[PDB]
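**Q** The residues making up each chain are set out below.
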Amino acid sequence: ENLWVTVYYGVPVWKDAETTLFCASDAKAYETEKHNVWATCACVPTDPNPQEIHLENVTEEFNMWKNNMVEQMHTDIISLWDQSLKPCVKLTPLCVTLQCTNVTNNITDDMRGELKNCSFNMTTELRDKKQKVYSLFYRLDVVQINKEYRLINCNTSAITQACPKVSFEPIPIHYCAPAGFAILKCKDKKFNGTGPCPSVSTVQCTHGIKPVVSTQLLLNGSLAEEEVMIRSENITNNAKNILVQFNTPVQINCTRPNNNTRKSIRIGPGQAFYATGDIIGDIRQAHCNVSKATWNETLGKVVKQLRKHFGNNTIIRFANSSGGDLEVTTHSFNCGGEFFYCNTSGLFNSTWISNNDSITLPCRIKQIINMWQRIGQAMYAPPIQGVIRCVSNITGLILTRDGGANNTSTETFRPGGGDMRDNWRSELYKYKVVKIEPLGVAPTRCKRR
Amino acid sequence: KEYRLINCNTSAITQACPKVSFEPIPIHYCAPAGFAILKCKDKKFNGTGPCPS
Amino acid sequence: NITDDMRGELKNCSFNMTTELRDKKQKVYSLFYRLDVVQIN
Amino acid sequence: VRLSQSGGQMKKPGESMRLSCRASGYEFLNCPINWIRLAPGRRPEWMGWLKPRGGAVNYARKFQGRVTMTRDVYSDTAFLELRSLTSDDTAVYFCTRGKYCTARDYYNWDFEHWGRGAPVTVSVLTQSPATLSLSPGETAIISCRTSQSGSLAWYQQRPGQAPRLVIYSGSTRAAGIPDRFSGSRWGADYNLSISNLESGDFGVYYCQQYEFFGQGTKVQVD
Amino acid sequence: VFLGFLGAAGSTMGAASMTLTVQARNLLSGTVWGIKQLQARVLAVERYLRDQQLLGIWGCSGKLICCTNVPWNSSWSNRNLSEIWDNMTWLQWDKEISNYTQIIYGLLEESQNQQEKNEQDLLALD
Ligand SMILES: *[C@@H]1O[C@H](CO)[C@@H](O[C@@H]2O[C@H](CO)[C@@H](O[C@@H]3O[C@H](CO[C@H]4O[C@H](CO[C@H]5O[C@H](CO)[C@@H](O)[C@H](O)[C@@H]5O)[C@@H](O)[C@H](O[C@H]5O[C@H](CO)[C@@H](O)[C@H](O)[C@@H]5O)[C@@H]4O)[C@@H](O)[C@H](O[C@H]4O[C@H](CO)[C@@H](O)[C@H](O)[C@@H]4O)[C@@H]3O)[C@H](O)[C@H]2NC(C)=O)[C@H](O)[C@H]1NC(C)=O
Ligand SMILES: *[C@@H]1O[C@H](CO)[C@@H](O[C@@H]2O[C@H](CO)[C@@H](O[C@@H]3O[C@H](CO[C@H]4O[C@H](CO)[C@@H](O)[C@H](O)[C@@H]4O)[C@@H](O)[C@H](O[C@H]4O[C@H](CO)[C@@H](O)[C@H](O)[C@@H]4O[C@H]4O[C@H](CO)[C@@H](O)[C@H](O)[C@@H]4O)[C@@H]3O)[C@H](O)[C@H]2NC(C)=O)[C@H](O)[C@H]1NC(C)=O
Ligand SMILES: *[C@@H]1O[C@H](CO)[C@@H](O[C@@H]2O[C@H](CO)[C@@H](O[C@@H]3O[C@H](CO[C@H]4O[C@H](CO)[C@@H](O)[C@H](O)[C@@H]4O)[C@@H](O)[C@H](O[C@H]4O[C@H](CO)[C@@H](O)[C@H](O)[C@@H]4O)[C@@H]3O)[C@H](O)[C@H]2NC(C)=O)[C@H](O)[C@H]1NC(C)=O
Ligand SMILES: *[C@@H]1O[C@H](CO)[C@@H](O[C@@H]2O[C@H](CO)[C@@H](O[C@@H]3O[C@H](CO[C@H]4O[C@H](CO)[C@@H](O)[C@H](O)[C@@H]4O)[C@@H](O)[C@H](O[C@H]4O[C@H](CO)[C@@H](O)[C@H](O)[C@@H]4O)[C@@H]3O)[C@H](O)[C@H]2NC(C)=O)[C@H](O)[C@H]1NC(C)=O
Ligand SMILES: *[C@@H]1O[C@H](CO)[C@@H](O[C@@H]2O[C@H](CO)[C@@H](O[C@@H]3O[C@H](CO[C@H]4O[C@H](CO)[C@@H](O)[C@H](O)[C@@H]4O)[C@@H](O)[C@H](O)[C@@H]3O)[C@H](O)[C@H]2NC(C)=O)[C@H](O)[C@H]1NC(C)=O
Ligand SMILES: *[C@@H]1O[C@H](CO)[C@@H](O[C@@H]2O[C@H](CO)[C@@H](O[C@@H]3O[C@H](CO)[C@@H](O)[C@H](O)[C@@H]3O)[C@H](O)[C@H]2NC(C)=O)[C@H](O)[C@H]1NC(C)=O
Ligand SMILES: *[C@@H]1O[C@H](CO)[C@@H](O[C@@H]2O[C@H](CO)[C@@H](O)[C@H](O)[C@H]2NC(C)=O)[C@H](O)[C@H]1NC(C)=O
Ligand SMILES: *[C@@H]1O[C@H](CO)[C@@H](O)[C@H](O)[C@H]1NC(C)=O
Ligand SMILES: *[C@@H]1O[C@H](CO)[C@@H](O)[C@H](O)[C@H]1NC(C)=O
Ligand SMILES: *[C@@H]1O[C@H](CO)[C@@H](O)[C@H](O)[C@H]1NC(C)=O
Ligand SMILES: *[C@@H]1O[C@H](CO)[C@@H](O)[C@H](O)[C@H]1NC(C)=O
Ligand SMILES: *[C@@H]1O[C@H](CO)[C@@H](O)[C@H](O)[C@H]1NC(C)=O
Ligand SMILES: *[C@@H]1O[C@H](CO)[C@@H](O)[C@H](O)[C@H]1NC(C)=O
Ligand SMILES: *[C@@H]1O[C@H](CO)[C@@H](O)[C@H](O)[C@H]1NC(C)=O
Ligand SMILES: *[C@@H]1O[C@H](CO)[C@@H](O)[C@H](O)[C@H]1NC(C)=O
Ligand SMILES: *[C@@H]1O[C@H](CO)[C@@H](O)[C@H](O)[C@H]1NC(C)=O
Ligand SMILES: *[C@@H]1O[C@H](CO)[C@@H](O)[C@H](O)[C@H]1NC(C)=O
Ligand SMILES: *[C@@H]1O[C@H](CO)[C@@H](O)[C@H](O)[C@H]1NC(C)=O
Ligand SMILES: *[C@@H]1O[C@H](CO)[C@@H](O)[C@H](O)[C@H]1NC(C)=O
Ligand SMILES: *[C@@H]1O[C@H](CO)[C@@H](O)[C@H](O)[C@H]1NC(C)=O
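Residue numbers (the working numbering), protein chains in the order written: chain U, 12 to 460; chain G, 26 to 78; chain B, 1024 to 1064; chain A, 173 to 394; chain S, 31 to 156.
Just chain U, with the same shape it has in the complex:
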């Protein structure tokens, strides 16, 4: 009748914790080679037949806003960027006076140049005679000084040129947990991403999450189930971003109608800088198309979900960003190696009450970037030959709401971003790390003599 303790080893007992996650990225991506593209070099090949065990009767609480995998992925991509830029050519003797001029074209005065034809000195292989060479830089890359210009990053940090061997192509990366840990996955169709989850399953490795670094518009993400999803840490708080996840992807087409030339000027001994030669064809600017019908149905489907939290009979008005840096006021992204910054004033210009072509957006291109608000490392994106064309999926947004309303029933939303951790929170909302404690004691009528 008197119970006795008994040690059980291998009990389903886990507790929320944080550990060191490793990578996984299939086996065909390693065949992409090209001198180690992005990260996949010594990454563990993904298990050909992954197992996902549905934990019956189990209801586990998730929290996408207090999840450590986001911080770990962020610091991992940062260290990746540094390790990818450590052995590349450093452009230290490139802050020389630039005697720039307009590009060869024919007016008007509203074209504001944009492209500058800079002539300057350069150090050759030998440490004696110099080199009077010319390049073609964007206005966002240069700045005049008292026509003589200079690189816009002279009195900020150093600069290193990205090696032409590596690529910035986001490839699926599976995050896995070591022995003794497990990753819980919420498999409900309406998980707005916080609190208890009815249908929880356990996995060793998450699905292929491509690290697409972008702002305002979430590109190449996971589609939502049924209705489009709206997630926020504090809806009544207008300072917290509102991550929107789409159900149907919005087809976007971005092009660079300036098929370019790569001049391989030689800053020897050894190093070599890739300048931009002459432009073959017409002087055109990069642009992005969004199908008008698709954007209408997507916006009309989102505003119907927005009315479920800010009152049924309210007016929802869309306005573009209020101001700041170029990385927040424009849709910043990477395509073909070039860094585009597109005008998103034609997408967020609407006013929805309670009840056939393409929208083109002017896209600028910058070569000298300082992403992740990093000071000390400026990367020069080498020019890319040929017309660059890319078709992507708009699968979500990062919105911000205007404050100090009080009066009025309308609410105004503007595109935001900045913090790149939000880009990872849109994919890690359905995963969390737990540690296994298999040692459990329990009483039963068992002993010895």
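Keep in mind that a hint or two might mislead.
What the hints assert, rightly or not - Here are the simulated BS3-like cross-link-like pairs (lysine-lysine), alpha carbons at most 25 Å apart as the crow flies:
| # | chain 1 | residue 1 | chain 2 | residue 2 |
| --- | --- | --- | --- | --- |
| 1 | U | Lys141 | G | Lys26 |
| 2 | A | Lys271 | U | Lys77 |
| 3 | U | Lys274 | U | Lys97 |
Stated by the list, open to error - Each pair of labels, with its calculated beta carbon distance range:
| # | chain 1 | residue 1 | chain 2 | residue 2 | range |
| --- | --- | --- | --- | --- | --- |
| 4 | U | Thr31 | B | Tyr1052 | 49 to 55 Å |
| 5 | G | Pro57 | U | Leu91 | 29 to 35 Å |
| 6 | A | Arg238 | U | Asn360 | 38 to 44 Å |
Read the hints as simulated data drawn from the structure, not as lab findings.
Where a beta carbon is used, it is the ideal one built from N, C-alpha and C, also for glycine.
Starting from the structure of chain U, add chains G, B, A and S with the ligands where the hints point.
**A** Quick look at chains G, B, A and S with the ligands alone, frame taken from chain U:
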């Protein structure tokens, strides 16, 4: 006549330190626990296929 | 303002410097201690 | 954490004004800076916030089209401009920073850090009572009725000084706040209780829910 | 039936006692960025040998299950036999017993195999 180093427009150059030496010294390669190294001890092993001893 | 027993200690040095650009130099001055500097003829 | 503001100024109607606020002691990019105007005998008005990371901004409806907020990440200095000034704009303008501000996340609206303020002259939340005349030693009970709910804060403003965060989350004391200050909640009602009043405690107190503030309660010595 | 790894987590302790050989099986599993997994699988085997050492110094050694000569103290959440194995999950049980786990561990490693084996040392010489 003006000359230059033949490796100027190839790569960088580092001088070997006079302290170290390039003298080939015998190095035995060993295997960790759980592994073993098989050695063919026949006088005519032309180096491929089954080995008797 | 003097005397001759103050032996300076602090030296007001003017010199060239490389700016951000690899062309024009920079005529700037600093203030170094005597234990940090040494004359040369 | 120190917010250093530029001095006040006298403008004429129709002109524009510009203010600066240099932050120090923390990573400027971690969390947004806010701009709030306080007019004598008027409900404090939150003008907007800026995230120094990328310079993201958010303006109050009343000011959209008139106000422009930027910043200089290198000098950690936040700038604001206000155009088409009218007599209604006379007020003391503050730059504020929330209490919780780490690398992981933040909470903007618990304004623990305030600038000295800039007096510029150009020429819901129901808080009660309006005034409170009490003797040293007594207990002051200030009330604030909400309609939305969410982390509520209490601030104290001493005559001629910048407001100081006193309580957040309705019941949690801030750094340096003694046990004498306590918060309570019942439904929509919020009560701030200050026991054993002393000279330093007298001033004006405000309840706050995100960007909305109360009408204020002046606690004076009698 | 095989619910898999962590299968019977929401099931009763009596039901979850059938899945002991499942969580025990997947507990060990067989330039920078490559040391990230090295230091992790080293802490993994240190956690494994830590639990195996505790399981060895007690009156168990044989894994999975083992009995002990320790009276269940009523202060450790006085519940009944049928109220534990048929009305409580292992997570919910460990949440209550978290205060006394270290005490029981001390009563298991010290009071038992240190006095029991010495008793056998006296019983095996005759
Ligand atoms: C994701 O989607 C999910 C849906 O699946 C979602 O979860 C729900 O989220 C909604 C918001 O949209 C919730 O609805 C609201 O919940 C508010 C919080 O309720 C809690 O807090 C109450 C206040 O507690 C304080 O005050 C009391 C009294 O003073 C105090 O004693 C306590 O100490 C505490 O300090 C608390 O009373 C409330 O408890 C009641 O409700 C739960 C059910 O929610 C109930 O089971 C209890 O038995 C108890 O009866 C709960 O603990 C709530 O404030 C809000 O409004 C209610 O309260 C105001 C108060 O005046 C009322 O006037 C008003 O009419 C409401 O009745 C509203 O109910 C809901 O709580 C979530 N569900 C769960 C399970 O958490 C997420 O929000 C979505 N996430 C995103 C990002 O979208
Ligand atoms: C969201 O998800 C979509 C879905 O994939 C993704 O779209 C992909 O876009 C990229 C461009 O960014 C694509 O990758 C490139 O595609 C072009 C054109 O493809 C043609 O060629 C193949 C040949 O068989 C045809 O089958 C195909 O149908 C097209 O006709 C390729 O030309 C590119 O190849 C070069 O670039 C790679 C990276 O730079 C190199 O690794 C590769 O080896 C190639 O380099 C060599 O060839 C060059 C050719 O001129 C040469 O100049 C170089 O010097 C080098 O020698 C490249 O593969 C891809 O096709 C798209 N996906 C699909 C399914 O079509 C979006 O990009 C993604 N969004 C984000 C943000 O990630
Ligand atoms: C970006 O800006 C840079 C300058 O900052 C430009 O690069 C220059 O482009 C001009 C063209 O407008 C080049 O001028 C050409 O130089 C040729 C070089 O020939 C050499 O050898 C001959 C002997 O065979 C010498 O006589 C001569 O002096 C040179 O030493 C010339 O052959 C060209 O002449 C031809 O074109 C002219 C055009 O009017 C005709 O009149 C002539 O009869 C002849 O057919 C011409 O003079 C200049 O050399 C380039 N400089 C550098 C450093 O590359 C880019 O053009 C500009 N890009 C854009 C888009 O604006
Ligand atoms: C984007 O801008 C780039 C700038 O580099 C253009 O690339 C050049 O394009 C032209 C035109 O197609 C190419 O010229 C072609 O050269 C071929 C021979 O090249 C080989 O042989 C020479 C020696 O003779 C070598 O030096 C060279 O390396 C090659 O090994 C010709 O056979 C071509 O003529 C044939 O094709 C054209 C159509 O292209 C037909 O009209 C002709 O009748 C004929 O059938 C042609 O003259 C040049 O080689 C390209 N350079 C590079 C580096 O690629 C892109 O064309 C441009 N694209 C767009 C869309 O604007
Ligand atoms: C080095 O690179 C830097 C980029 O990281 C450059 O810094 C920025 O330069 C821009 C202009 O090119 C400045 O923007 C201007 O700011 C002024 C501010 O005016 C007030 O301050 C000045 C100086 O004290 C004062 O004289 C005025 O009276 C004002 O009181 C605005 O008025 C302009 O409209 C414009 O916005 C940035 O402020 C500046 N950033 C920082 C952090 O300073 C820098 O110019 C580069 N230097 C060189 C030599 O090229
Ligand atoms: C090369 O440069 C010339 C010179 O600028 C370009 O011609 C300019 O073309 C524009 C656009 O048509 C003209 O603007 C016009 O202004 C009048 C003002 O009343 C307005 O009514 C018109 O509708 C138009 O906007 C501008 O006058 C004209 N300039 C000259 C000197 O003719 C030309 O287009 C460029 N390209 C080519 C291929 O010539
Ligand atoms: C992006 O480009 C693709 C390819 O041109 C467009 O898809 C075409 O759409 C038209 C009209 O429906 C069809 O007739 C073609 O057959 C499609 N081609 C392909 C390859 O799919 C797409 O519509 C464009 N989207 C935007 C927003 O510009
Ligand atoms: C181009 O030329 C015009 C005319 O001289 C000049 O005003 C302008 O500054 C030049 N540059 C650009 C970018 O327009
Ligand atoms: C470099 O720029 C200077 C500007 O003073 C100019 O005199 C010189 O011709 C240019 N080219 C070389 C090779 O020095
Ligand atoms: C957008 O779609 C909505 C809803 O169907 C609508 O009322 C409107 O006319 C559409 N806009 C355009 C430009 O077609
Ligand atoms: C928004 O559109 C306005 C024009 O109305 C433009 O001045 C501003 O730069 C745009 N902002 C962004 C963030 O696109
Ligand atoms: C973006 O486009 C709008 C509409 O054409 C324009 O008013 C605005 O000035 C543009 N913004 C920039 C930064 O060019
Ligand atoms: C936004 O749309 C309205 C309605 O079509 C139009 O009047 C306005 O000019 C648009 N704004 C911009 C910046 O294009
Ligand atoms: C992007 O959307 C297109 C349009 O349906 C689809 O064909 C493609 O598979 C999508 N890419 C994904 C889901 O990665
Ligand atoms: C200071 O000036 C005196 C007078 O010319 C000179 O003798 C001496 O060397 C100078 N320097 C110091 C350190 O005294
Ligand atoms: C550098 O020192 C020399 C001394 O020969 C002097 O002529 C020059 O003015 C100094 N500064 C600069 C900027 O050259
Ligand atoms: C904001 O989120 C926190 C964290 O879950 C929660 O405690 C708080 O109640 C939320 N605020 C509102 C108004 O729902
Ligand atoms: C059991 O717990 C009770 C109360 O906490 C205490 O009196 C007694 O000493 C404990 N006995 C053992 C063996 O733990
Ligand atoms: C149930 O628990 C009580 C209180 O400790 C005890 O008296 C009784 O013997 C227990 N019964 C069973 C069946 O374990
Ligand atoms: C844990 O011990 C503390 C301290 O005595 C006590 O407050 C708490 O009730 C105990 N919890 C359980 C589950 O026994």
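**Q** Are there hints from earlier that the structure breaks, and if so, what are their numbers?
**A** Per hint list: single violation, 6.
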